[PDB]
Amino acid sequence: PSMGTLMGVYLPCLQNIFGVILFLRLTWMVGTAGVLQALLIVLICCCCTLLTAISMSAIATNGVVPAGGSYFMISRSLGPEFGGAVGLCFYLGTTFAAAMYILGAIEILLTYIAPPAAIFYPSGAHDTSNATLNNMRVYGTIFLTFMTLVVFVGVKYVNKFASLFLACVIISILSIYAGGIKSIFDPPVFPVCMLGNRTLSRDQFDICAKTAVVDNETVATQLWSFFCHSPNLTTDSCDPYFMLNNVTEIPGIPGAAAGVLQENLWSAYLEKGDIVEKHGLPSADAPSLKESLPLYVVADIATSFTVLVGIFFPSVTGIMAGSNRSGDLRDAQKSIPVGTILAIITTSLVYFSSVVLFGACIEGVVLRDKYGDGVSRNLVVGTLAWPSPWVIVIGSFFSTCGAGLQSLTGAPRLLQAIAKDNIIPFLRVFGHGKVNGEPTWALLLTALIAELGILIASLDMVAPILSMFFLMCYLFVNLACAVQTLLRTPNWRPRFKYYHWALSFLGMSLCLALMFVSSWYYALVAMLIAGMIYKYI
């Protein structure tokens, strides 16, 4: 065993924590919640994990720290009852995170890389979502049946290229910071066309003007034809909101200033179907026709605080997958507690700095465009890249693919280790594998359980389920670290400096309050199931 702290503990944690939601759902979160409540969300979601890392350090400073994975540590240091629960919940969390990463990759591919690589098209006027759900499901089944056979053939090639996917993440982060620094002096040019407070999708028209001049003649634009249903300048079928207000271009990225960070400081939540609006523009009040409603930027899902906590939270998970190399380390009780806490601190500072950066540079209306409908169907993050937006797009695609492949390689190892331990004979048949030690049947089971995550067909709907399972895993870790101190069992002696039982109780209570925040109904169900099993034994 010859492994240091850096390439043994810190780098697997920092490859597992970073991922998809920093590139897809962060600018939306900032522009919806405000910089203040965004920092509140990041501060809350990083204190469940820090106290869980303290409890895992108390796991790590006891006994022998047995070799292989992170399962056997809990299984030998806390009894089988907590160990099976933590292993099963971490298994379910990894298998649904695979489905989340696949859906992220397909969202990036369909809306940004290849727009005409779409099978289903939005027939009719409304319902551009059901076609999108059917369009996500097909490519999800294709990529899942591809990337399970790739794992079924090429484990050694996946472990060989395990560093390139982390390299793509770090290059893509540094590009964001370089463009954000340069945006103080010379901003890029991404113009936003608006009409009063209402912003409108630039993808369907050519030029942002009410009337243009061609051939020494004032002719109505194509934008006149989309709102007035006639190319004549003296008609009265125009809705009075197009008539009483004017069309204005603003800079989408105005550069880093105090005024921009002042404007995007407070929360502007929206209901499903509302139109994204500024606050400081003249806008005369008039009613709008219904047939011009797809000529705007419409908020997709309902936004609140408890939605955004549940969407943000799996950006911070990935602690337990830094102890998979626990046998290979030289001093296992030293590299684990230092390494995981350093990784969590670095990633949390990255999120704080990125929230402040996106709030300071990019204007909030471009921030409130999920899918980037306000700027030319581009990434809102990618407009802040310095060399080109394609750096973030390509690095995000390969990072999501690498994370999905690493989840699909990791989870059957855990189910293999649970099945071979004979803790539960109901899973006994999943102890069968190849002659190399690689699993055979458990790959099929994770391929089928991750399929049900794919068929929900949205990033924003799979993410609260991941929040639920990882919060159950961390809560049982904190219960097992607190009860063993409070009940005074022998062979439980934590040789850690900063450990005390009130920190584990605060971790338990905070990760339970987050569980009731993120989605209260299934937490209310899981309370009933766990209370029923408590009434049995």
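Definition used throughout: the rigid core is the maximal C-alpha set that superposes within 1.5 Å between two forms. Residue numbers count along the first chain shown, from 1. First, how it differs from the form deposited in another entry.
Looking at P387, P251, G273, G154 after a core superposition between the two forms, you find that only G154 has a C-alpha shift of 2 Å or more.
Relative to the superposed core, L109 undergoes a Cα shift of 2 Å or more between the two forms.
For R76, a C-alpha deviation of 2 angstroms or more is recorded between the two forms after rigid-core alignment. With the core superposed, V483 shows a C-alpha displacement of at least 2 Å between the two forms.
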Contents of the next structure:
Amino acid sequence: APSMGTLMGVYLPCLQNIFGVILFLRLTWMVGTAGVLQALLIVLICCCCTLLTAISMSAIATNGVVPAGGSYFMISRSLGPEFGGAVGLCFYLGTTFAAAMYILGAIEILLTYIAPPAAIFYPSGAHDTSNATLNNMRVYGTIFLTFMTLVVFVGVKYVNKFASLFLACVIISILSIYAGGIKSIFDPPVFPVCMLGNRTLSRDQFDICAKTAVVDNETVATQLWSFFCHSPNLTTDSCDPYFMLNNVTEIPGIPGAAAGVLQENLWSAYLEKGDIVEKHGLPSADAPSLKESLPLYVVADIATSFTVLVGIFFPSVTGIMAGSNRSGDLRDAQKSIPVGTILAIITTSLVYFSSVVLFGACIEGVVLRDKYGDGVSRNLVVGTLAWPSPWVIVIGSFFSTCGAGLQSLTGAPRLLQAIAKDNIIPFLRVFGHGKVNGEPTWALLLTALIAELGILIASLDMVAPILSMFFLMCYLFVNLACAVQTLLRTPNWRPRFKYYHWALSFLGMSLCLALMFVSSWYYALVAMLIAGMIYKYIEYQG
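Previous: the form deposited in one PDB entry; requested now: the form deposited in another entry:
Below you will find a single chain and nothing else.
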């Protein structure tokens, strides 16, 4: 018999789950590659679909009748059980796999940056190859998932504390990054980046960045010159003409917040796979490039385009259902779910916009698209923006991913119990009537096993678009259910009196159905096929 109210019941969980980790790490890459304007447009599109879905859900919940079950109950009541069951099952699978991926990301964040100094779990995998890190993940993520499932098994009263602490840490990290940005505007930090000609080269091989140097009144080896130039004598031009013709120089990578940098970084620059990231302002002579010289540069990892960028970014904006599916507590959910969801979504969108604009206007353009940090000692560029130190941002990202995973894991069992509580799927009957007070039991086991299988895979990033397709399908179905319910003599209305809600819901449904289509039609077809199969099975069961 829980009742979590509005603020903690539906606002904090949604905001905490929405943030993810894309803001801390991939946001700089996106802004650098697509420019400020295109990044703003893409974030606006994603937030627009999410806000339209939230508004449709609020309109549906205005009736104040949802007793239990998340969006699945609403969809089943409005449209019909046959579609509602399939949508709920797909959404539950997506939520479980998203929780698994969040936990994996948190574990890998911890391994790479959190405590690599403590052997970076070297005994766990010994770093023989990528398999070593994969095993380290497969073990540590499982060790953490067991604890997460154990904690979530107890009533949510003991779950909201950890989520609140994680959200507090994430907010602290965001405030620190903004303070670092303002300080850089008032006092730029130090962050040298090595650029030869007008290109950029990873500063991980040579100790110093200079074609020639003088030690003991004599020319030096110039380790940089040693690479791509095997002649250790100054009076020699044997190696590639690029070194001799072009010139090497060092430029700040974090010139702070200034009008010039932001204005120069406005437009976008998409590069195909294998290209070399190079600044445009400074000069560079043209000469043939030796094949061996290619590795000693900065090369794009994947092709860059608006559609691919939108597909990559969209998942970071999902998870608005944390406060929707969770309905056991929060008495009088009618007056709580919509306001909380809208507030959290709007705050997240505003923070995303401000962060993207600041990143565009603060950091040097060349560094931004230098993904993986190979350009500068592989260290986190955004971390240096943090006021105190990169540790604050790294720990913030780790806690954010862990908390998002925990919130998704907590949410999934409620939806599973709601689906099974109704005799809609014959073989899910046992997964109902959990512990007293309505807590989900005997379904937490199923969700935990699903997450454990996902962890055992330890490569869920391969099937990235499947979860996005599931989430978009659920949102589109919610929008359509709201539209039909309003059409079919729905008295539920906000203070504004009009029929424009029909058009709004249709616009959102079309918008981020085409969104999923452009993201990956290849997997959208598979997701639609799975939904159809579940719908046919439901029809057979009747």
